[PDB]
Amino acid sequence: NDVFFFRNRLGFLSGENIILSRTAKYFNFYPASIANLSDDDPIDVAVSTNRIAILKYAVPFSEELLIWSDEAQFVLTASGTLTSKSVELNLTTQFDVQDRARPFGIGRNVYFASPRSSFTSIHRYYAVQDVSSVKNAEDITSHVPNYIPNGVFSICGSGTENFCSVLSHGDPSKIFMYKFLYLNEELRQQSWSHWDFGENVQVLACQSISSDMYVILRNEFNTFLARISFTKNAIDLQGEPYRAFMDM
Amino acid sequence: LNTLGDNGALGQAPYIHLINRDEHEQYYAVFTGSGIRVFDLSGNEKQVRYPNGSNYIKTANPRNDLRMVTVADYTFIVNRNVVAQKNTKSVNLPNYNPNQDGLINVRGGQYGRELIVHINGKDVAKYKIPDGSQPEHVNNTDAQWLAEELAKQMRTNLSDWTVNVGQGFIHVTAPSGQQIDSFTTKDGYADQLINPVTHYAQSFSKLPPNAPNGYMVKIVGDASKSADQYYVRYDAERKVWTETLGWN
Amino acid sequence: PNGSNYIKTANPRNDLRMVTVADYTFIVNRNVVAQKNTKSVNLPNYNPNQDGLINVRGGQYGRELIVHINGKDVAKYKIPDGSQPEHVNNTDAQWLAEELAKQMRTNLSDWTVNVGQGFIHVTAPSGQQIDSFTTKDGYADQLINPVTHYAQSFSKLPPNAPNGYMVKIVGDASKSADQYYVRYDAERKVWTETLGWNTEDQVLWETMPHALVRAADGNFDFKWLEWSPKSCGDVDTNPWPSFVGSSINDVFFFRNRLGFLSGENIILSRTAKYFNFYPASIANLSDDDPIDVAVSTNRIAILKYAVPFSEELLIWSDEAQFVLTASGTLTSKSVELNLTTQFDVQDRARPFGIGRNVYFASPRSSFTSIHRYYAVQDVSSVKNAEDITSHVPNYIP
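Residue numbers (our numbering), protein chains in the order written: chain A, 185 to 432; chain B, 2 to 249; chain C, 122 to 518.
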């Protein structure tokens, strides 16, 4: 299902099994010597839970690696250093994540899409402040329960512009945006506007680079790459009299 | 910035990933589901050759199947629909009978010892080392002469088997049709005078001192240190026993 | 002295980085890429095949000494019995060696054969090499023994040897180890340990960092700092350090070891010496060894800066912040390099920590936003960055 690099070792998530490589080499999966056990050896832990949870995604979060699965979230960790015996793979939380969309972590939080039957609900995975290791997921769409249509293919965002945008295959034209701001640790702003680019403009996955977001659109005559940059004071094109808020 | 071709150029549902490796190496990569079309952020197509095949990319629904993880050294594309498999075609020692090709290491002689080596239950070779006239016998107590003497008797008794002498070893190779069922040899002294050696050794220390260029022995456990039984292969050039990958 | 080109750069705010520690000040150009010198090699042209040795140790009556090189039984000397006084003189190893040598010299005119205390050294002419060195003792391997440049164990090492005989001690398949190279010294009669037989031992000093040092006079000198050679070990066992093919972004001292941040790799030195990057002994793992951890994350984050914060070292990167830590003490295996937070830091400016907090610049498109990195009070290890310019969003250019 997915490829991750835990520690110095390439890792794969296949079914309910996490397979890691020898530490030095990402390609070699087998022990260097069968005769002598080495800490630098492949690992074949299998997730341990009473339900069936195939491991779809691996997300780095906090100071841990969280191996998410459709119905559950797990932490890959070790008792001390990593051997083929030390690794534990515990089961932190049981929130449901739809897996067409990779979870995106803007800052401390990791944002993911949960699929209700008609409209998706985006959630935020955070480490709860008081307890030593309890992670919880707030639902950030509780105020807009039926806004984002069900197909969600991308969750993309910018720390610099403090925003998360979810592109949904359901309503192709819109890029649904959440703008947030944390003062102290409180959430001062929760906003869920949508940006609509055109009547028939199917929007492929935008991905911000710095403060500039590169969007790919359909027409449906010809597809294009365009740029959105949040520059306060700039004239987007040369010689233009004033920034003209005109699309394309 | 640019137009990236017709509506279907990128496909109905492309998986598009941004490879932000460097300031100058910012590229977008789209998976049409029929191929890979990479675009510079200025909109310029960058040719993707597909040496070594292109079928992995081909998928009906590439938003959902191809997953791309980008690490600084390499970018990995994983199709989730595809299932990993082993090649039955490439095998080590593909057809291998441990039974054939056994070796006997003659190391010494002493007066009055009957050298009896029996293969397949018939005492094939019977050479009694003799005493009573010392100068001829000191010449006779030597291992090398004993080996050649044993070999010639063995060749007559085993016409099909090919017997080849060595520095200390006597290598008995069965014809393909036949195999060595019993390799027991009676030294007439402790196991020291001569020793039957099979492809299994209780310990690395109990390994034949000299051997053919490829003799493989499986070092079974000494039942002292916990270990996984391992396979060791001799190299004549370097005179080192090393370690290997198994026999079938 | 020793060159000035390292400093020369078009944009020095961005390329030269200077880290000042009390003993030395290190200047790192990030544009420059570290490289190895093909020029300096150990045993630059080396065939293991040539120069094999046979150690004659004893004789016994009735044994045929047959030594065959290249498939012809070159030397055939039958030790004899039947008249004891002459034979006791004959059972001796040294005479046998010289006897074997002379036969060998006639049979191998081009090969040069030189006797030794117990060894017989066969050296092939440059054109030819020793394909087969097998010798038949006529007794156990004890009477005489062919010795190649590979030994299954240190114990299985020729007792006497030429002044430079190098043997690679392959594993005994008992203790896990890295096969190591051992070189004999005739003066001291000790086998010791060495650096390989065709391996480049040195990095090019120019490309690697340089230092500014106050002199006697008090006027500074800009010179390269010598980096230790790969004293022991072959290329496979002793891999070239990660920076050897790439640029070093920054220099840090974690624990007692100098460290470099190159690309997505953190390379540390042996604990005692800041310059030496390779293990002291390939044969024995030591906790005091270099470390080559690579940051583990699903995105591309080249590691630009290392900032000491709290009781941890935070290795910052442009899009992410990582903590360098170890499970217990530091070995090459213990270090973890986790991924605390994913805030964006522009890297022309080194983060500065006034007190508990570390302040950094994040680049929005038009105006920078300075942020403060603090350890959140309530949780055990959660670090967060407040934006201190939220009230003045567009002030700092």
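Treat the hints with care, as some may be off.
[What the hints assert, rightly or not] What follows is a list of derived Cβ distance ranges for each label pair:
| no. | chain 1 | residue 1 | chain 2 | residue 2 | range |
| --- | --- | --- | --- | --- | --- |
| 1 | A | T261 | B | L246 | 30 to 40 Å |
| 2 | B | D23 | C | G248 | 30 to 40 Å |
| 3 | C | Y167 | B | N82 | 48 to 58 Å |
[As the list claims (entries may be wrong)] Heads up, simulated EDC-like pairs for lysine to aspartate or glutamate below, C-alpha to C-alpha not over 16 Å straight-line:
| no. | chain 1 | residue 1 | chain 2 | residue 2 |
| --- | --- | --- | --- | --- |
| 4 | C | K160 | C | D262 |
| 5 | C | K199 | C | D172 |
| 6 | A | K209 | B | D66 |
| 7 | C | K425 | B | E137 |
| 8 | A | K319 | C | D413 |
| 9 | C | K425 | B | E24 |
| 10 | C | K296 | B | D66 |
| 11 | C | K289 | C | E220 |
| 12 | B | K207 | C | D293 |
| 13 | A | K240 | A | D280 |
| 14 | B | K127 | B | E115 |
| 15 | C | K296 | A | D224 |
| 16 | C | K277 | C | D262 |
| 17 | B | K129 | B | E150 |
| 18 | C | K289 | B | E24 |
| 19 | C | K289 | B | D236 |
| 20 | A | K209 | C | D357 |
| 21 | A | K209 | C | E219 |
| 22 | C | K160 | C | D322 |
| 23 | C | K289 | C | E308 |
| 24 | A | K269 | A | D314 |
| 25 | C | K296 | A | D223 |
| 26 | C | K199 | B | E137 |
| 27 | B | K187 | B | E244 |
| 28 | C | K296 | B | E244 |
| 29 | A | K240 | B | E238 |
| 30 | B | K127 | B | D102 |
| 31 | C | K296 | B | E115 |
| 32 | B | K219 | C | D413 |
[Stated by the list, open to error] Per the computed footprint, the stretches of chain B lying under chain C, defined by three or more beta-carbons under 8 Å from a beta-carbon of chain C, are:
| no. | stretch |
| --- | --- |
| 33 | 10–18 |
| 34 | 144–156 |
| 35 | 210–223 |
Treat the hints as calculated values from the structure; they're not laboratory data.
Cβ coordinates follow ideal geometry from the N, Cα and C atoms, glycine included.
Structure-based check of all given hints:
| no. | hint | in the structure |
| --- | --- | --- |
| 1 | A:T261 - B:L246: 30 to 40 Å | 33 Å, holds |
| 2 | B:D23 - C:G248: 30 to 40 Å | 51 Å, violated |
| 3 | C:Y167 - B:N82: 48 to 58 Å | 51 Å, holds |
| 4 | C:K160 - C:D262 | 42 Å, violated |
| 5 | C:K199 - C:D172 | 25 Å, violated |
| 6 | A:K209 - B:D66 | 27 Å, violated |
| 7 | C:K425 - B:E137 | 82 Å, violated |
| 8 | A:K319 - C:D413 | 32 Å, violated |
| 9 | C:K425 - B:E24 | 14 Å, holds |
| 10 | C:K296 - B:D66 | 45 Å, violated |
| 11 | C:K289 - C:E220 | 29 Å, violated |
| 12 | B:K207 - C:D293 | 12 Å, holds |
| 13 | A:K240 - A:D280 | 12 Å, holds |
| 14 | B:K127 - B:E115 | 7 Å, holds |
| 15 | C:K296 - A:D224 | 15 Å, holds |
| 16 | C:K277 - C:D262 | 12 Å, holds |
| 17 | B:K129 - B:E150 | 11 Å, holds |
| 18 | C:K289 - B:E24 | 47 Å, violated |
| 19 | C:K289 - B:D236 | 14 Å, holds |
| 20 | A:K209 - C:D357 | 12 Å, holds |
| 21 | A:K209 - C:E219 | 51 Å, violated |
| 22 | C:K160 - C:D322 | 10 Å, holds |
| 23 | C:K289 - C:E308 | 20 Å, violated |
| 24 | A:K269 - A:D314 | 31 Å, violated |
| 25 | C:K296 - A:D223 | 14 Å, holds |
| 26 | C:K199 - B:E137 | 13 Å, holds |
| 27 | B:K187 - B:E244 | 31 Å, violated |
| 28 | C:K296 - B:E244 | 13 Å, holds |
| 29 | A:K240 - B:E238 | 50 Å, violated |
| 30 | B:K127 - B:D102 | 21 Å, violated |
| 31 | C:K296 - B:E115 | 40 Å, violated |
| 32 | B:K219 - C:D413 | 35 Å, violated |
| 33 | 10–18 | violated (count 0) |
| 34 | 144–156 | holds (count 3) |
| 35 | 210–223 | holds (count 3) |
Comparing the model with each numbered hint stated earlier shows that hints 2, 4, 5, 6, 7, 8, 10, 11, 18, 21, 23, 24, 27, 29, 30, 31, 32 and 33 do not hold.
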